[PDB]
Amino acid sequence: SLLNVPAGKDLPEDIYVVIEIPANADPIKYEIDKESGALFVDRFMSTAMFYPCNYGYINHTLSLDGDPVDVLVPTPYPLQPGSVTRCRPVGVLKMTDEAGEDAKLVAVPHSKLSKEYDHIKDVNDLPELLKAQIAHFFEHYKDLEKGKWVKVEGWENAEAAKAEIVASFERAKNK
Amino acid sequence: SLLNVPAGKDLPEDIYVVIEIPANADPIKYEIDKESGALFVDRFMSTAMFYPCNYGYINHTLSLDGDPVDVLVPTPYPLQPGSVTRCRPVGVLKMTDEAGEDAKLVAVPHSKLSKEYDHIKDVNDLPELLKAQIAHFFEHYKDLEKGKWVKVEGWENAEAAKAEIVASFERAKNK
Amino acid sequence: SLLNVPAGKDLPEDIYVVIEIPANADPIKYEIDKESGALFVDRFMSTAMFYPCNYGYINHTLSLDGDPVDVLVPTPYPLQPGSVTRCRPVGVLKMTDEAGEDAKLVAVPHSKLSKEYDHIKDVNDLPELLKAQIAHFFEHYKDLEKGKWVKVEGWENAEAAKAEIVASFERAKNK
Amino acid sequence: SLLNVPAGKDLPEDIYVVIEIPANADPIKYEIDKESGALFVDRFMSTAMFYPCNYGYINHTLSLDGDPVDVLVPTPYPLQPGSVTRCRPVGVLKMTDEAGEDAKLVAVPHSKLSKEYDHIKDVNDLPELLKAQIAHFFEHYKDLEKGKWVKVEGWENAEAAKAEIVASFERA
Amino acid sequence: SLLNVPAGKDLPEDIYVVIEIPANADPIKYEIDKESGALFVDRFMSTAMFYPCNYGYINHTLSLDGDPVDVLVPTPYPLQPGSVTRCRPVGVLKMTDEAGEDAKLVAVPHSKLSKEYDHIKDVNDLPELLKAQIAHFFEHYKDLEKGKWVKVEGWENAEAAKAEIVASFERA
Amino acid sequence: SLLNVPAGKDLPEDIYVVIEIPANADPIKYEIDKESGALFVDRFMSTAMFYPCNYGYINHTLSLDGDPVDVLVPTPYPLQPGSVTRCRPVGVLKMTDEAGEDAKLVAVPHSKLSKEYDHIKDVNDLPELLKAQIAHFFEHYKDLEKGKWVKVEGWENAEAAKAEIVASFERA
Ligand SMILES: [Zn+2]
Ligand SMILES: [Zn+2]
Ligand SMILES: [Zn+2]
Ligand SMILES: [Zn+2]
Ligand SMILES: [Zn+2]
Ligand SMILES: [Zn+2]
Numbered sequence: 001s002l003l004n005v006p007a008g009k010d011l012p013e014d015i016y017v018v019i020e021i022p023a024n025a026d027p028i029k030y031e032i033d034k035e036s037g038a039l040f041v042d043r044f045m046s047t048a049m050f051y052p053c054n055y056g057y058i059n060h061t062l063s064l065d066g067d068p069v070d071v072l073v074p075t076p077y078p079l080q081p082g083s084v085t086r087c088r089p090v091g092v093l094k095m096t097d098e099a100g101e102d103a104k105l106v107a108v109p110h111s112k113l114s115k116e117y118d119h120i121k122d123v124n125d126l127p128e129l130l131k132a133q134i135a136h137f138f139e140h141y142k143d144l145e146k147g148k149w150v151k152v153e154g155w156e157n158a159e160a161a162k163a164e165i166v167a168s169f170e171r172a173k174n175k
Numbered sequence: 001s002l003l004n005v006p007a008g009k010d011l012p013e014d015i016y017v018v019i020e021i022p023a024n025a026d027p028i029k030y031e032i033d034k035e036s037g038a039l040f041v042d043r044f045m046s047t048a049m050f051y052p053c054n055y056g057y058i059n060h061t062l063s064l065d066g067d068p069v070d071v072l073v074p075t076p077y078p079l080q081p082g083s084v085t086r087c088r089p090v091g092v093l094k095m096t097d098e099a100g101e102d103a104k105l106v107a108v109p110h111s112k113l114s115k116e117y118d119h120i121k122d123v124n125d126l127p128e129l130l131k132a133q134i135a136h137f138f139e140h141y142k143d144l145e146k147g148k149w150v151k152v153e154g155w156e157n158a159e160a161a162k163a164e165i166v167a168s169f170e171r172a173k174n175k
Numbered sequence: 001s002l003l004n005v006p007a008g009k010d011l012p013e014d015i016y017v018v019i020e021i022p023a024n025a026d027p028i029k030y031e032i033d034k035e036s037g038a039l040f041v042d043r044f045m046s047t048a049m050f051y052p053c054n055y056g057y058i059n060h061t062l063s064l065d066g067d068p069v070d071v072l073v074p075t076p077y078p079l080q081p082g083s084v085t086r087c088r089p090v091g092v093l094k095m096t097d098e099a100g101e102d103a104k105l106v107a108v109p110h111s112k113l114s115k116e117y118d119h120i121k122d123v124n125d126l127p128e129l130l131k132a133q134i135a136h137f138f139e140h141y142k143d144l145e146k147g148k149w150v151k152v153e154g155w156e157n158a159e160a161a162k163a164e165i166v167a168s169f170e171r172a173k174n175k
Numbered sequence: 001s002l003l004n005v006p007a008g009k010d011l012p013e014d015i016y017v018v019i020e021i022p023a024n025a026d027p028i029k030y031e032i033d034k035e036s037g038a039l040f041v042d043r044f045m046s047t048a049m050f051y052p053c054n055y056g057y058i059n060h061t062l063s064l065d066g067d068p069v070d071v072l073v074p075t076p077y078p079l080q081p082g083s084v085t086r087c088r089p090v091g092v093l094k095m096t097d098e099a100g101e102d103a104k105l106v107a108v109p110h111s112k113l114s115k116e117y118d119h120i121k122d123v124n125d126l127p128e129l130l131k132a133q134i135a136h137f138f139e140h141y142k143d144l145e146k147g148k149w150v151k152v153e154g155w156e157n158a159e160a161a162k163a164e165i166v167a168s169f170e171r172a
Numbered sequence: 001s002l003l004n005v006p007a008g009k010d011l012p013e014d015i016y017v018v019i020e021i022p023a024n025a026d027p028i029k030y031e032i033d034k035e036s037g038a039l040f041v042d043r044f045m046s047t048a049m050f051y052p053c054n055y056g057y058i059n060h061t062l063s064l065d066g067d068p069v070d071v072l073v074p075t076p077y078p079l080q081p082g083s084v085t086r087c088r089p090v091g092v093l094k095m096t097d098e099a100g101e102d103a104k105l106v107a108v109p110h111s112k113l114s115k116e117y118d119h120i121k122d123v124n125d126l127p128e129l130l131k132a133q134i135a136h137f138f139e140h141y142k143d144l145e146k147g148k149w150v151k152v153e154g155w156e157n158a159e160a161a162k163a164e165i166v167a168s169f170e171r172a
Numbered sequence: 001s002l003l004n005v006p007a008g009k010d011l012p013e014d015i016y017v018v019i020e021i022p023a024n025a026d027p028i029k030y031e032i033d034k035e036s037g038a039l040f041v042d043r044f045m046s047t048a049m050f051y052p053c054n055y056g057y058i059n060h061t062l063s064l065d066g067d068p069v070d071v072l073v074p075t076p077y078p079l080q081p082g083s084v085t086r087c088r089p090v091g092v093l094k095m096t097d098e099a100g101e102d103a104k105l106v107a108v109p110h111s112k113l114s115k116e117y118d119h120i121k122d123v124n125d126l127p128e129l130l131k132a133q134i135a136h137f138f139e140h141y142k143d144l145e146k147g148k149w150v151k152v153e154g155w156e157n158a159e160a161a162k163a164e165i166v167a168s169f170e171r172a
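Protein chains in written order, with my numbering: chain A, 1 to 175; chain C, 1 to 175; chain E, 1 to 175; chain S, 1 to 172; chain B, 1 to 172; chain X, 1 to 172.
Calculated from the structure, these hints are not laboratory results.
Any given hint could turn out to be false.
[What the hints assert, rightly or not] Pairs of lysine-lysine, BS3-like flavour, derived with a Cα cap of 25 Å: (1) A:29 x E:115; (2) E:131 x S:148; (3) A:112 x C:34; (4) C:112 x E:142; (5) C:9 x E:34; (6) C:121 x S:115; (7) S:148 x X:115; (8) C:146 x B:146; (9) X:112 x S:34; (10) E:115 x X:121; (11) X:104 x B:112; (12) X:131 x A:29; (13) S:112 x E:142; (14) C:115 x E:115; (15) A:146 x A:115; (16) E:112 x A:146; (17) A:131 x X:29; (18) E:121 x X:131; (19) C:142 x B:146; (20) X:131 x B:112; (21) S:142 x E:148; (22) A:131 x X:142; (23) C:94 x B:142; (24) S:115 x S:9; (25) C:131 x C:121; (26) X:115 x E:131; (27) S:34 x E:151; (28) C:146 x B:142; (29) E:146 x C:115; (30) A:131 x X:148; (31) C:142 x B:151; (32) B:112 x X:34; (33) E:148 x C:9; (34) C:9 x C:142; (35) A:29 x A:142; (36) C:146 x C:162.
Using the sequences and the accompanying hints, generate a full structural model.
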């Protein structure tokens, strides 16, 4: 059912993000199980931190880590885990962990859901506070997980985010 | 999965309502996507208003607008989006918008879920405050959406609500 | 989708519990519908009580009452109804109601989700307060439901809980 | 501040209830400290129960047990601990406990706050569910506290509640 | 305690707003009782609406209607009723109602609490959505109270808001 | 009201902590204003972190920095800002920051509120997770405030916490 959600109506400008974790929520790290399509509790986060945006993935995408492309979606109110939001990518936070590079895309609600993010075209239009919060969160959220750590390279633009979407959409397509 | 929820055990007295939006919640207007069966964020409501009851639809029904029949369900506590409640229709709020007539049925929890609505047989048994809140909500909730408005005709009885259920159940059945 | 959730990765030490009702929540008694797989509102609980743990079931199990095996899962934060948690059984509360014996297993989050329950190997490792709360809840929660009551026998160990899991997993398997 | 809240505008028909505990809330039993006037955590409730209504007291009253008159107030949404609600008494639940007799008044929001309770004149106009819940709650909430118990004796009417208010206003 | 909160550190550019109602909260209209200083439930709102911002007053001010100056304060998370927020006025919404003229100031968190509102100097720097919501909220929230209404006249600037603060500080 | 809360019933073993911030709550840093006694919004926290325990102070204490003694209190459910909890000190976390040395006491609910913390006699009886979270929280929560930092030095025992309470009680 979540397994049948499209990657988007018009990828990569117009995508759907399947939400796993709300912004500002308790430290329960939910993940959609690939086989069942169900919402699984993956971990109880150990640090006293919360995701600054809603966090989820684009369906029918395959990152180089073997999981779908991760996305953060700011909204005026937290979303329900398992809900799906139509959005437009505007940027991407690049980083490295105990297993190679990682990226966290950022996408904003689509103009048909709200007009309040229309002026966010690219990564520099986003509030600097929000960006600095996101960066800080990912550097530190796994600090108390044994054998796990993260370090942040920096922020890239919407074109780079779209390229990640496309490469991973094409990579999942090709077996 | 929600796609496989019946219209009811004994339509139109005994129906199931698939809940999309809780009573008294943040202004996130969720809708179940017809193809996928998933819970999609349709809009971030622009007015500072909330639904006075839980709001959802009856599955396997086709209104003249092309969507399933909408229903409001009062409960003592807000319900989870994506949950399904067995109820009994008691009434219907008629109205017109930028696209023709619309109706919002009202149904109360079934006696097997709670005895507290048993005395609500027809539309005049409902609290007048609740009715006036519902009417006011629908007149005003789209006031700040461009090219959108609503105006309310009035309240009709349980027989009329059941007729809407039946006509739309039969209309979906017939291709 | 919840219908396709396994009983576990390695039953009966390593099981999945499909959550229906969060700990410390409003008195809405949700149940997963067996046919549809959807989350149904079964009852509005009449007593002013809440479940001391999250409450759910193990999929692909058949108790002697005809329903899957019920499980309580303590967590540091309440879980979302419809989510799935990997856990390890440590005990079981035995009791009788208006229809024969019943058991409520207790299982703790699996070590891959959290290290905080690792020291809970068997039923006596659980906080005595929590146990006494669970026992009291089940004795009294149906006190105001007509023709319904419950009485508690006592607590049995992890081996007994695992035997219930196995017997009901094998019972569902065999038509 | 809470120390200076009136017992009421026109006692006993028109009173103020200082709220200590919301309806449907976590099992934290707050109580206003008499000396300071501050909101104290009195207990973490041991049973997995919640108060069916908001719970508090009428200021400037003293019951036989030396504490102010206790009151339950139903509202359409839970109230903030430390807030003060204008209400109209309608009933009283009589009980005994480990310390002896006890009484809990029930009062509904005053007509100037809401019309929704205008029809509740007396104890029997309250919903049967809510009454049954309250009785059950008080019967069982101390079940897991050693040496503490409650036996509910019964309900009494709005005249009975008003009489308690007056008598306890005078006692203070 | 709330009775002893200053009007501000450096009125009218630097003020304190006592909060009565959170943004996005249940429809319970609290109001600080002038005599006691306690948080009273004034009304259960009849329309299914919520305040777009936190709402409260500046202490030691008196408006022509005999009540203190009312203020809306946007914050990134809702504030607790009875809490006090240091802010900077930026605007005012002018309206009339069943009692006559009314004005609601808007003030943003002071730079020492957050940098997020530094760029809001004047009424037109506020988001157009939020302004439209506030106006709509005040236009309609009393629609289901008999004999009560509001017509919004318009917005005025930060100088206008400051002038109201000063004048009302003096009136008290 | 909060100004008149005792330091404790039997300091330093039996104290009262005035709560400013709940465990697991939105990133709003409230602080009781010393002059008024009212709950002020001191800051909107910039990092996406939450306090692992409820946080507050002991009234009628003064630390070397001129502010009252700070205390963390774990509870099974979060407490209301402005509420007062009877607890028993067990430990203290020592740190330094942009202003110099700092210390945060840890105290657990008193046995009359709950038996759940009776077994916690001293710093090492606290759960290792909670201790690690607290340390991490204080290490990082000011990471996005310019010119503000914390380096955690270490934990000290229940005797050390009691000594701080006494010394700071005397300083006031
Ligand atoms: Zn939260
Ligand atoms: Zn709400
Ligand atoms: Zn709850
Ligand atoms: Zn609650
Ligand atoms: Zn809300
Ligand atoms: Zn929280």
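Hint check results:
1. A:29 x E:115: Given that 25 Å is the threshold and the Cα spacing comes to 15 Å, the pair holds.
2. E:131 x S:148: Holds: residue 131 of chain E and residue 148 of chain S sit about 19 Å apart, inside 25 Å.
3. A:112 x C:34: Holds, at roughly 18 Å.
4. C:112 x E:142: holds, 14 Å
5. C:9 x E:34: Roughly 15 Å between the alpha carbons, so the hint for residue 9 of chain C and residue 34 of chain E holds.
6. C:121 x S:115: Status holds; Cα separation ~23 Å.
7. S:148 x X:115: holds, 15 Å
8. C:146 x B:146: Answer violated: residue 146 of chain C to residue 146 of chain B is near 30 Å, above 25 Å.
9. X:112 x S:34: Answer holds: residue 112 of chain X to residue 34 of chain S is near 18 Å, not above 25 Å.
10. E:115 x X:121: holds, 23 Å
11. X:104 x B:112: holds, 23 Å
12. X:131 x A:29: At roughly 21 Å apart (the allowed maximum being 25 Å), residue 29 of chain A and residue 131 of chain X satisfy the hint.
13. S:112 x E:142: Given pair residue 112 of chain S, residue 142 of chain E is violated - Cα atoms ~38 Å apart, limit 25 Å.
14. C:115 x E:115: Violated, at about 44 Å.
15. A:146 x A:115: violated, 43 Å
16. E:112 x A:146: holds, 11 Å
17. A:131 x X:29: Holds. Residue 131 of chain A to residue 29 of chain X sits at ~21 Å (cutoff 25 Å).
18. E:121 x X:131: Holds. Residue 121 of chain E to residue 131 of chain X sits at ~23 Å (cutoff 25 Å).
19. C:142 x B:146: holds, 24 Å
20. X:131 x B:112: Violated, at about 30 Å.
21. S:142 x E:148: With Cα atoms ~23 Å apart, residue 142 of chain S and residue 148 of chain E stay inside 25 Å; holds.
22. A:131 x X:142: holds, 16 Å
23. C:94 x B:142: holds, 23 Å
24. S:115 x S:9: holds, 18 Å
25. C:131 x C:121: At roughly 15 Å apart (the allowed maximum being 25 Å), residue 121 of chain C and residue 131 of chain C satisfy the hint.
26. X:115 x E:131: holds, 14 Å
27. S:34 x E:151: Between residue 34 of chain S and residue 151 of chain E the Cα gap is close to 41 Å, so the pair fails against 25 Å, i.e. violated.
28. C:146 x B:142: Holds, at roughly 24 Å.
29. E:146 x C:115: Holds, at roughly 11 Å.
30. A:131 x X:148: With a Cα-Cα distance of about 19 Å, the restraint between residue 131 of chain A and residue 148 of chain X holds, given a limit of 25 Å.
31. C:142 x B:151: holds, 19 Å
32. B:112 x X:34: This hinted pair holds, its Cα atoms lying about 18 Å apart.
33. E:148 x C:9: Answer holds: residue 148 of chain E to residue 9 of chain C is near 24 Å, not above 25 Å.
34. C:9 x C:142: violated, 34 Å
35. A:29 x A:142: With Cα atoms ~12 Å apart, residue 29 of chain A and residue 142 of chain A stay inside 25 Å; holds.
36. C:146 x C:162: violated, 33 Å
Violated hints for the displayed structure, listed by number in ascending order: 8, 13, 14, 15, 20, 27, 34, 36.
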